[PDB]
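Taken from a larger complex, these chains appear in their original positions, while the remainder are omitted.
As written, the chain order gives the labels A and B, with residue 1 at the start of each chain.
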Amino acid sequence: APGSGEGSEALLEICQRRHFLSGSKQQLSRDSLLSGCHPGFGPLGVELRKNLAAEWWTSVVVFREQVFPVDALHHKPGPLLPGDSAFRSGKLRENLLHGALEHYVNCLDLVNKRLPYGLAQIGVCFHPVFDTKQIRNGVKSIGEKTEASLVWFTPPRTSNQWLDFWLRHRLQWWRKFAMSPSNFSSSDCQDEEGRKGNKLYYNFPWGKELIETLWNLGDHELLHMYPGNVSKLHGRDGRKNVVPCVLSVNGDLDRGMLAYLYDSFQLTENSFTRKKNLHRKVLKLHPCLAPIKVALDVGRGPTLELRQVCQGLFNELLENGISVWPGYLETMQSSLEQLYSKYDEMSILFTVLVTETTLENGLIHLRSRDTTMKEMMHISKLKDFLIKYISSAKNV
Amino acid sequence: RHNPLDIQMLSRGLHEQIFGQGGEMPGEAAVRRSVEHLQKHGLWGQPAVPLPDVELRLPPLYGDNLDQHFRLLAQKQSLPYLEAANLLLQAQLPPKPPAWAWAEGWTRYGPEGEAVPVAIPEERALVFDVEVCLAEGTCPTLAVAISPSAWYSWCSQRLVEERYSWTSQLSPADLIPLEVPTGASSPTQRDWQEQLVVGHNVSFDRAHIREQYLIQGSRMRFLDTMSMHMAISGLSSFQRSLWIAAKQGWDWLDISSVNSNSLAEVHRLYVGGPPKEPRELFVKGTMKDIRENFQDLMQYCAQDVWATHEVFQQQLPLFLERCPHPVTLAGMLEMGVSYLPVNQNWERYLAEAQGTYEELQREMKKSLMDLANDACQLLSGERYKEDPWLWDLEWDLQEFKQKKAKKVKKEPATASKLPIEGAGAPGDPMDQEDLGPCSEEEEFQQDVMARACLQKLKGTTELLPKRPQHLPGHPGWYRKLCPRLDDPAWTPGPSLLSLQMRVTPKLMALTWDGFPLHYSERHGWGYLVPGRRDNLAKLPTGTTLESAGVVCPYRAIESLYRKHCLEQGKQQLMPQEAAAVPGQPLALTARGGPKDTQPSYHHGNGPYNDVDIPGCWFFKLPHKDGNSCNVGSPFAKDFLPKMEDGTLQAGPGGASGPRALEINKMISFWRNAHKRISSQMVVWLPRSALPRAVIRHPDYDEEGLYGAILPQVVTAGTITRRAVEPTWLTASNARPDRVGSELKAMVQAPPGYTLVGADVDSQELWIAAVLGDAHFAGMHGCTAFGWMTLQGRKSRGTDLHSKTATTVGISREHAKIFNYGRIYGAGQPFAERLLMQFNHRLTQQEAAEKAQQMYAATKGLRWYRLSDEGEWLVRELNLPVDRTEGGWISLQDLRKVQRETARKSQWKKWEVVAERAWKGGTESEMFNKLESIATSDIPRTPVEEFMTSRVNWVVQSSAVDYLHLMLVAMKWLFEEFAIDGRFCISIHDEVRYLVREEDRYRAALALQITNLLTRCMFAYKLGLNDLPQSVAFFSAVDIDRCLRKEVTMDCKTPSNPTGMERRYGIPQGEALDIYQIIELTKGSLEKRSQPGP
């Protein structure tokens, strides 16, 4: 427990510092963090979640079938029959999926009515945290979380298999981006109705957490949405007629991400019972994972020529399609070592300090990246080795 | 009827073919001897507390002496095939190698020639062979024929058929829809009148029989020429092996060594060599060329094949029936014609199956890759370009372009792909491709200024360091990206060479079993003897100046096994009883592990040479089961995996390696299983399947595959004759969960059908049972149901096995297996050995105590016996002499006394043909299985001349007999109306049959009854005239579209694939019980029981 607390400070503190979690205080504490009364994330915060959405998004988009709730609209003004108010608080989407539905029939016109696909996109929805009441006014507070909902209007047959198909895929995605993916299970805890669709979770330093979700509420809400004489269009099978099914949308959570930085450095215990205590650690993001790929560096003279061409690398780099931290500024603050430490505490892959050795030691892409491979790199090959880096790394 | 009991209910089924309470148990002596006992073996007084009930009501049978009716049943099946075989056997017209031919048949042994094959053998009986390419397609390329005449096919016209070449995709993939179109010669002939049986040697003829059975209907039956051999002229596991070494290149070769060739050497002996085969192997691998060589020779292959068939055969029957039974023979006739369902799913159940092993490895790799990375580095020390660098540097090699010839001096128009280095063939290098743009630059500003100045700076940097033509033709970096090491070179499925990469274990810090060290990478493990010996790092002023000086990597490598040192020792008490590269124990000294010495079954230690500094190390055991060398591998299969799940193993601080060892542990089983599994490929039902809209009601995608695979179940095979399908007759649930941690389920699933089958418990233990009892006077007994005693008692008999371990208070699943083992061959040393390993420090002496004891308790009085083995006293007393049958019948030829037998001769088999025989035992048991050995724990059922073998085999040979009746009766009864369906199974103690859904309940009785009979019958011969209730009504008969023992299961695990039975297809349906089942069927059938349910 005390060791678990220390791991948390380590992985949290580093987040306040090194800017991954914009806001500070109690609204941040684990419990609150998870609820969402937090101020936010560092730029770093954004880059990762973006990479993610983006990275996760690519997979979703690929196969022969793919679409969007198209909009994602906080919205929802309206009275009675559609959604039923139960308790108190607000009017901001709670089902990225719901909207995805109106868009459904038209999504249906799409693909030639042919299809039995997955209609979805990404956006923010809001959660309230109301442990319990009595004290004063009432039903105050609000938490926020950016979700990903994939709906699918499936036949009676895509059915259990298509649901089960997802199980498969999703899981391989995580392991793919996981440093120790064994902390990503599924349960089938619920419902005496609608049957299956399992819940997902991560193994934090203090137990499991609910992440994504997955139901098969096959064709029950559309009937809800679009009443009929037992109406409308059923949807095509391929020469027959059927009313489309449900598609389980792991929600989101910024959390998936939240668990990754965990996984990475989560890796507390890592060296909790092994080697000498020089446990400085580093966070670890699969390369694609990390918000920043590298910290350009520059030292010595003339101060500028070197700050220059670092200037030089950045752009060239910037251009390529690589995230960077420009280290010209960098020569200013600190002393070499803590640079390393910060950076490692940052995940930024490698770092190259263009100094006297840089032109005047004519050439050299100066060393950094760990496991301490400070090998000299003629700047180019390597630069274009990193371009490779990403590619293979990404792939798996 | 009644309820009578000088023992166990028997009632009124008997009246028809037996008597319930009718066994002439003789007065006082006989009834009393048995009773006097147990006062000593502690069973009676309370046995009179039973849960007795059953109400039996069945009239299906007729005969006098059930067996008399068994030989009859055997009679019908055996006869039609006896007749068609007869004529094939006495046939006069030998071989006729005409030119040769081409595809589908015709004939041609001729006054002149051939043809007329519009369709198949009107032959009435023949033999055949089949070849299949490394075009890997399990499909054909020629089939050889005798009595009438038949023929070769499309292999060799196939070779001019499309699609491009080898290893990717191609046409035979779509040749999977070839199956239906092909057949197996139709597959059949007619099923109209006499059906040609077929005598052949082994598999893939089993493949000619890969297509002859499959459509689910067919009265063709076969039988191995290799099986029978095993049966008559066969040899034991270890004896044959010793026999093999000395035999080709001393008593009674008459070797009869499985395969064909070595058997012909014994049956006939001439033209004895391999017409063909030096070829066909000098590339059971090269095709396109094949036809050429083929045309000329493939007729050869054929013929060679034929002789064998012919040579083993015309001589293989007679000696077989020289061991005379109708049943043994008929039961094996159907065993061969087995079946196995399958659906669209196998490949998928198998492919999802394949995806995981990777993930796993792929993952430990990164773990690995990373942990090793982290480690090595964090240790700031010494000087760069050496020491821990060496380690990190080897494993991680990449961005090289040095060599391998290829293209060079020839190649076409490069796409900026220009490998440098490249040495021998690659260097008729000429001018071109380097210059710069008019074109354009990207941004207006200092950027261009700078951007362009950078390349200048960079570009020149090239004219700067290294050599200039590497630039021409830029590299592209061979491979990888991160910390991984590449042996590749080898394609052979499922491989991960970074572990063989000695060193990984110091990484993956590992000691902890026998408690500690860390290990050395693959040999033994240090300890803490702060010597006062061993270590003289000591001093004085000398040490100061000189120690540092070092001289050799050693004082630096020594200093490391020394930092390593105090820490290993401190590090040991802390966990056991809980730095500039010389901090992490394993890694330092270990550099290069773990060195010479010997596995030498070293409970011991290494008398120096080895042995340095503060701690001593025990060159870790064991290796007998491995058999011949130094541990070599930490994850070494065998002992080591056992210890990973074992009580002791390492990865001290966190997830790390536990994850690792644990992970690999998961996949090991699958690696090897993997290949063999994926391999069966398969054939499928396209449209001409099960008709009647039968296809309709079942429910069915129609977008799925409904074909089936059939595995060669060696009729006989084994010296016990038990079975010969590594993969399929080696079925298992899933203790070490994961892919193929059994695909059993997927196995069967035809829509309109379901599979009736079941499990008889210790079908083997019980046989041993009555045997003794029956000869300890009244068959009631002692060990066996005397000692099995009425007992079940809530949980059950395992609770008895449990009794064996509790007295000696210990795990039972580990205790039960060894009795089985005790039951089988020897005892004494074997217990100590096995128990010891799986056990710990009590050492040989204490092991002795226990082994000797356990053996003492069930067989430990003077001369030979008391306790429990008056039966083995008989297995032994009846079998240390003459040759015999097993009181039931059939003979097991090779014999100690009997190998010896025309009296005492020739140094008496050296007197060590017998001592070399002293050496095989234990090893043989951990060897017995080629795939995995002794099995996984939680189940695990796997078991020169002399008792051991013989004794072990009696039980076994006799459980074979067992199988055949269950079968013979059932086959019989299916014929006997209420028709149902199929199969041979004979798997372990399981025997599954297929049925249409309806009459699936019908078969239930069949099985039920069939066992009663089997069981019944056993006693009469074996013991005499009677037997009990409990066995009679089994446990229950299982029905499901799935293939796992004890239905509700659900089989999560395959850890992957696991939505399973959710991931779906099927999901569990119960086995009725005996009482229930009868209720629905009510006195079996014709078409009479029918309506109501």
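Note that a contact is a pair of C-beta atoms (placed from the backbone, for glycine too) under 8 Å apart; a residue touches a chain by one contact, two chains touch by 3 or more.
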Indicate the composition of the complete complex by giving a copy number for each shown chain label.
-> A x2, B x1
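One rule holds for everything that comes next: only the chains that are shown with their structure count from here on.
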How many Å are there between the centre of chain A and the centre of chain B, using C-alpha atoms for each centre?
-> 44
Within their complex, state which residues of chain B touch chain A.
-> 352, 355, 359, 362-363, 366-367, 370, 373-374, 376-378, 380, 384, 392, 399, 442-443, 446-447, 450-451, 453-454, 457-458, 460-462, 464-466, 474-475, 477, 480-483, 509, 579, 583-584, 652-656, 659, 701, 1059, 1062-1064
Can you list the chain A residues touching chain B in their complex?
-> 157, 160-161, 164, 167-168, 172, 175, 179-182, 188, 196, 267, 269-276, 278, 284, 308-309, 311-313, 315-316, 319, 359, 362-363, 370-374, 378-381, 385, 388-389, 392-393, 396
